[PDB]
Amino acid sequence: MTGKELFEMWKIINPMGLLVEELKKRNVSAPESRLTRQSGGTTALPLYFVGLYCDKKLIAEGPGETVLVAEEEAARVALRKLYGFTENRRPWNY
Amino acid sequence: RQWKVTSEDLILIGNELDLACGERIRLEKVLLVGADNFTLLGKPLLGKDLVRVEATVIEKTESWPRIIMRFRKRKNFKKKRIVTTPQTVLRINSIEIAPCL
Amino acid sequence: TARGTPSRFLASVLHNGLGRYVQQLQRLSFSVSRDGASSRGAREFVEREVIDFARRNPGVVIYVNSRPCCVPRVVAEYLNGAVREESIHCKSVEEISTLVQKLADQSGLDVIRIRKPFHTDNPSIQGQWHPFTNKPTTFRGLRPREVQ
Amino acid sequence: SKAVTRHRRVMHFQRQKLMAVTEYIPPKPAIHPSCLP
Amino acid sequence: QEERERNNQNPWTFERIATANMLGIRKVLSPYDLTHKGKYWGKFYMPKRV
Amino acid sequence: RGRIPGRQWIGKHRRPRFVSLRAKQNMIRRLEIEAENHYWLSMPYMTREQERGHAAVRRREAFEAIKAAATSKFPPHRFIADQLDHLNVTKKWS
Amino acid sequence: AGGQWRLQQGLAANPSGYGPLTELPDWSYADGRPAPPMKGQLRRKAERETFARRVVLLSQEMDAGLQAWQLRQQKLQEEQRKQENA
Amino acid sequence: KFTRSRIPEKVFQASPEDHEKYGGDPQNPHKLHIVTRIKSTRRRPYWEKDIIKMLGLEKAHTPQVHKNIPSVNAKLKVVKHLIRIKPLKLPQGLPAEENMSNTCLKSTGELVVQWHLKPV
Amino acid sequence: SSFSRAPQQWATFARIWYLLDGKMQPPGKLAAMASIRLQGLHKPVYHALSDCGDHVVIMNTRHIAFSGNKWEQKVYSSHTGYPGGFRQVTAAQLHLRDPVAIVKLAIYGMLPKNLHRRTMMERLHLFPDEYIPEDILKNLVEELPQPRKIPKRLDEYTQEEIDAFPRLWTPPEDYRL
Amino acid sequence: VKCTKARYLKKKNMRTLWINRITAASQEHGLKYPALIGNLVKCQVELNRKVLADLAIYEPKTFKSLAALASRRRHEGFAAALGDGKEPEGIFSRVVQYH
RNA sequence: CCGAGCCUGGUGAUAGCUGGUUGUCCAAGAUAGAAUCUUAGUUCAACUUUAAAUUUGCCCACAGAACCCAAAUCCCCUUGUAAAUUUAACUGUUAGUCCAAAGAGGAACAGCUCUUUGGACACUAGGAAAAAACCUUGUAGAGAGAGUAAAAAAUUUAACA
Ligand SMILES: [Mg+2]
Ligand SMILES: [Mg+2]
Ligand SMILES: [Mg+2]
Ligand SMILES: [Mg+2]
Ligand SMILES: [Mg+2]
Ligand SMILES: [Mg+2]
Ligand SMILES: [Mg+2]
Ligand SMILES: [Mg+2]
Ligand SMILES: [Mg+2]
Ligand SMILES: [Mg+2]
Ligand SMILES: [Mg+2]
Ligand SMILES: [Zn+2]
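Going down the list, the sequences are from chains A, F, L, P, W, E, U, V, Y and D.
For the first sequence, the numbering used here assigns the number 1 to the initial residue and increments by one for each residue that follows.
For the second sequence, the numbering used here assigns the number 1 to the initial residue and increments by one for each residue that follows.
For the third sequence, the numbering used here assigns the number 1 to the initial residue and increments by one for each residue that follows.
For the fourth sequence, the numbering used here assigns the number 1 to the initial residue and increments by one for each residue that follows.
For the fifth sequence, the numbering used here assigns the number 1 to the initial residue and increments by one for each residue that follows.
For the sixth sequence, the numbering used here assigns the number 1 to the initial residue and increments by one for each residue that follows.
For the seventh sequence, the numbering used here assigns the number 1 to the initial residue and increments by one for each residue that follows.
For the eighth sequence, the numbering used here assigns the number 1 to the initial residue and increments by one for each residue that follows.
For the ninth sequence, the numbering used here assigns the number 1 to the initial residue and increments by one for each residue that follows.
For the tenth sequence, the numbering used here assigns the number 1 to the initial residue and increments by one for each residue that follows.
Under the rule of at most 27 Å between Cα atoms (straight-line distance), these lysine-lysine pairs were calculated in the BS3-like manner:
hint: 1; chain 1: A; residue 1: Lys57; chain 2: A; residue 2: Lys25
hint: 2; chain 1: L; residue 1: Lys135; chain 2: Y; residue 2: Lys149
hint: 3; chain 1: L; residue 1: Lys116; chain 2: D; residue 2: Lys5
hint: 4; chain 1: L; residue 1: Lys135; chain 2: Y; residue 2: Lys29
hint: 5; chain 1: D; residue 1: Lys2; chain 2: F; residue 2: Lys75
hint: 6; chain 1: E; residue 1: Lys24; chain 2: V; residue 2: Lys77
hint: 7; chain 1: F; residue 1: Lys48; chain 2: V; residue 2: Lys106
hint: 8; chain 1: D; residue 1: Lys50; chain 2: L; residue 2: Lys116
hint: 9; chain 1: V; residue 1: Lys10; chain 2: W; residue 2: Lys37
hint: 10; chain 1: V; residue 1: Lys1; chain 2: P; residue 2: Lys2
hint: 11; chain 1: Y; residue 1: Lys29; chain 2: Y; residue 2: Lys74
hint: 12; chain 1: V; residue 1: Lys118; chain 2: F; residue 2: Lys29
Short, incomplete list of chain U residues facing chain V, as computed with Cβ under 10 Å:
hint: 13; residue: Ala13
hint: 14; residue: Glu23
hint: 15; residue: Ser59
Just so you know, the hints here were simulated from the structure itself, not pulled from any lab data.
For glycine and all other residues, C-beta sits at the position ideal for the given N, C-alpha and C.
Generate the whole structure from the sequences, applying the supplied hints.
Below, the structure written as structure tokens:
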């Protein structure tokens with residue numbers, strides 16, 4: 001299991017909806033998605049960064065081809081941050 | 001030769017270490033250690049008590065055959081040599097830092 | 001030569017080092033001849049050293065055919081299904097001892113050019129570089145030379 | 001060629017390196033001897 | 001020219017380098033150059049040289 | 001346009017090489033090292049007569065060792081063991 | 001890079017030359033046992049030992065030669081005294 | 001024509017400014033030279049080449065010890081431009097037989113008899 | 001990081017639209033900066049095999065300035081291919097006929113001589129004056145600074161600077177001036 | 001023959017690539033490679049160019065920390081150029097003595 | 001296909017001349033000249049090579065080496081080093097180019113020719129643009145290590161009582 005990341009082991013649909021319902025479980029504000037940086041909006045290979053802000057403070061951001069893909073990727077990042085399966089997490093002890 | 005390594009990662013070394021495969025060893029020299037929010041630099045290398053980097057030997061193998069040809073033109077000077085160097089594989093099992101600072 | 005010869009990235013079988021290390025050589029199959037000056041070294045080796053070798057390596061299994069053969073050979077099967085045969089024709093006892101021991105130490109995957117001398121499945125800590133890491137933002141995120 | 005020539009015989013690179021190192025660097029104080037004194 | 005050769009702040013002079021042979025420059029030089037130190041090159045005469 | 005006669009680094013007319021501060025500073029540091037060598041070669045420790053006859057014994061011993069090594073030349077020895085071991089080519093199991 | 005700085009400070013021009021960056025052991029057993037010395041360090045130690053032996057040999061030879069010169073001049077003085085006695 | 005050059009003896013007479021510069025006391029002079037070959041013996045005459053291998057400087061940047069005596073200073077003058085010379089000075093006294101092993105050079109010409117390879 | 005593979009790769013090797021104003025800036029170092037940004041050396045993930053180039057937009061190439069009498073001394077020369085087709089034009093003539101060609105040629109020279117030079121010159125963009133098409137100034141990121149500052153003129157020096165600057169000499173009153 | 005002679009140009013090309021990458025990151029953080037590496041050596045960190053480039057890529061925070069270290073060492077060296085002695089040595093310019 | 005036919009044979013004519021000369025790996029190794037119907041070759045010397053015997057071989061410190069009309073050299077104990085001489089057996093090199101220096105010839109021309117000292121090339125590598133001969137640099141491999149070597153030209157010029 002070491003190499004494989006979480007959303008590569010476990011498939012999800014509507015990850016931003018999952019994130020919203022989890023934040024409602026935790027009783028925090030519904031976050032809003034806002035693009036932070038972008039380049040090539042008119043270009044055929046655009047690049048966007050979408051951050052998810054709860055109570056006007058960011059907890060996750062994600063890159064993407066389009067705004068929607070960047071948004072769902074940022075939701076995925078937030079889910080990783082919550083569940084503690086980040087790539088910067090403590091390795092498995094032996 | 002300097003490497004950067006983490007846990008559960010492989011490295012290859014161009015010589016044999018006189019160690020049975022599967023055996024664990026502690027790496028003494030450490031030029032640097034770093035986490036997501038901080039880093040520890042040496043002058044040049046860090047203290048022994050500070051770090052604990054452990055690596056297990058996985059494999060000892062002859063490198064793929066390297067050809068070397070020496071050729072000089074219109075002098076009838078041509079020669080081949082095919083060499084296979086020994087090389088060993090290590091896996092970094094664990095990295096730990098001490099409260100000492 | 002590298003371009004004619006195939007290549008591969010460094011990798012291990014089942015991440016052999018993390019948990020318990022395992023002897024990745026399943027099996028050895030010697031084929032030696034009773035007669036034949038070529039096989040005298042192999043015969044002496046199977047006489048004296050192979051015993052202690054098997055005692056040292058219980059996980060591996062050793063088969064000896066001992067049939068007529070002009071060239072004595074040795075086959076080695078690994079966990080990966082990789083087969084590797086070497087001809088020990090006119091080879092001394094210590095030579096084939098080193099040969100067998102390095103076969104045991106070897107991993108069951110082809111020896112060919114290795115691109116990188118390392119492998120990090122989690123290379124990125126502190127975040128991988130992207131163009132927008134080391135440049136600041138703008139008030140209200142305004143592009144250069146735009147009113148609103 | 002000969003040592004003595006009508007033209008100025010081109011010298012060896014080390015020779016002209018030496019001649020380019022050895023010069024009369026005119027010494028004067030940091031202050032010009034007209035404006036200040 | 002005498003006060004020039006006395007006043008040059010350059011620590012290095014053709015006299016010194018040639019009479020010492022500190023870089024094997026005797027290869028490139030002539031045996032007469034150590035007396036024709038810098039002023040001469042063949043028939044010519046470069047007074048600015050010292 | 002811009003060519004020059006013959007080979008460009010030999011003959012009556014050749015390509016004019018020019019010096020640079022790089023070369024100047026390099027050679028002046030070399031001859032600075034050489035001047036330090038002059039200084040250290042000055043200031044001897046002993047004189048000729050003090051230096052005359054102290055290493056004669058060592059030089060004599062070295063030369064006598066060379067003499068012995070040169071005189072000590074013979075064929076190697078021959079052994080019944082190394083002659084008979086060739087019989088072991090027809091070894092075979094009963 | 002920085003070779004002149006290292007020399008001015010007293011360190012080797014190349015950090016690979018000498019110092020703790022290379023002379024220390026690069027690995028030890030996890031049990032804390034010491035590993036055997038590396039071949040490079042072994043040959044460097046042998047070289048340094050021969051170096052020191054040669055230094056000592058030269059110093060001893062030359063100071064013995066100077067002492068021999070001294071006592072020869074002393075014997076010369078003594079035999080001049082003997083002459084003036086004769 | 002090119003021939004091996006004789007050096008005037010007056011060249012090797014240090015002045016007080018040179019003494020104050022290089023830190024060499026004419027009284028109580030050193031006795032051992034460390035020598036390191038800096039330039040290629042190639043593109044040099046056979047006498048320089050053979051004197052180099054005589055002194056034992058066939059490899060470059062490999063320090064060799066020699067005596068500070070005229071018979072050796074002669075060769076060192078012949079090939080002074082191929083080599084760097086510095087004195088050998090040590091505070092810890094000559095290496096004893098117990099400390100033959102743990103010796104160490106320094107780039108400053110020092111020869112230390114104990115090498116703890118550890119900071120203060 | 002905690003990013004997925006393809007989006008992380010995309011964000012890492014994405015292209016950037018740099019913007020530069022050439023108002024009295026020299027085409028030499030303008031093209032230097034542009035060539036660096038186009039080759040992708042500024043990216044620490046640079047490798048020639050990987051096309052890590054970036055788009056660049058220059059403005060006011062008409063209002064560029066040389067150092068010296070370059071406008072007269074410099075000559076851009078080209079051969080049409082036919083006999084008598086060898087023609088030289090001073091930078092002044094070449095600017096008057098095409099204000100973009102000077103910086104274009106400067107960059108074409110700074111760039112390496114491989115087949116990627118033409119692609120990088122395609123990614124590049126030039127505009128004679130302060131005007132950009134909507135999409136092109138919409139898909140921008142940042143304006144990297146100019147290499148040289150522009151010295152101030154007398155009509156620009158405020159009065160307090162002039163007053164703070166001291167007077168250096170006293171004229172005699174009897175003088176026409 | 002070209003396979004065997006390609007090894008040295010492999011070494012050279014990869015060093016040139018490491019230096020290019022480090023120069024890029026350095027001028028991205030305001031510095032440049034000569035000053036950066038000189039100051040690192042002065043502060044006694046012998047981190048070769050391959051790991052420096054790998055840190056520039058995968059670990060930009062550590063790399064810009066090192067660049068800040070280098071720049072501060074530059075400013076300390078300039079203070080030393082102003083007054084060589086007769087002053088307190090830089091806190092980072094200090095060296096560790098080995099024996 | 002007649003300055004004297006063609007076929008066969010001698011005849012595998014001869015050729016100091018041209019061309020060609022077959023498996024792997026390692027090592028040592030370009031060298032003053034003389035005679036010759038001889039200068040496109042050869043014999044001797046010299047150099048190189050192999051195996052042996054013995055001891056001095058190289059660097060060199062004072063002293064020493066012409067009246068006539070300079071760089072350096074010969075000899076040379078010490079010292080630093082490890083080579084040298086002789087014996088035995090051959091082969092091969094004996095049509096050579098540039099740089100620096102001293103000269104001769106020629107025009108104080110030649111990428112010109114002739115002698116001497118040294119270096120390089122005809123062996124690898126980096127540089128000077130490509131480059132035989134210039135500068136750094138030599139003893140052999142693997143490295144995705146590091147310190148260095150030689151190494152990038154500067155110049156704008158004329159008033160006058
Ligand atoms: Mg001449
Ligand atoms: Mg030509
Ligand atoms: Mg006829
Ligand atoms: Mg007919
Ligand atoms: Mg014939
Ligand atoms: Mg032929
Ligand atoms: Mg050889
Ligand atoms: Mg002939
Ligand atoms: Mg003698
Ligand atoms: Mg000629
Ligand atoms: Mg000629
Ligand atoms: Zn003034």
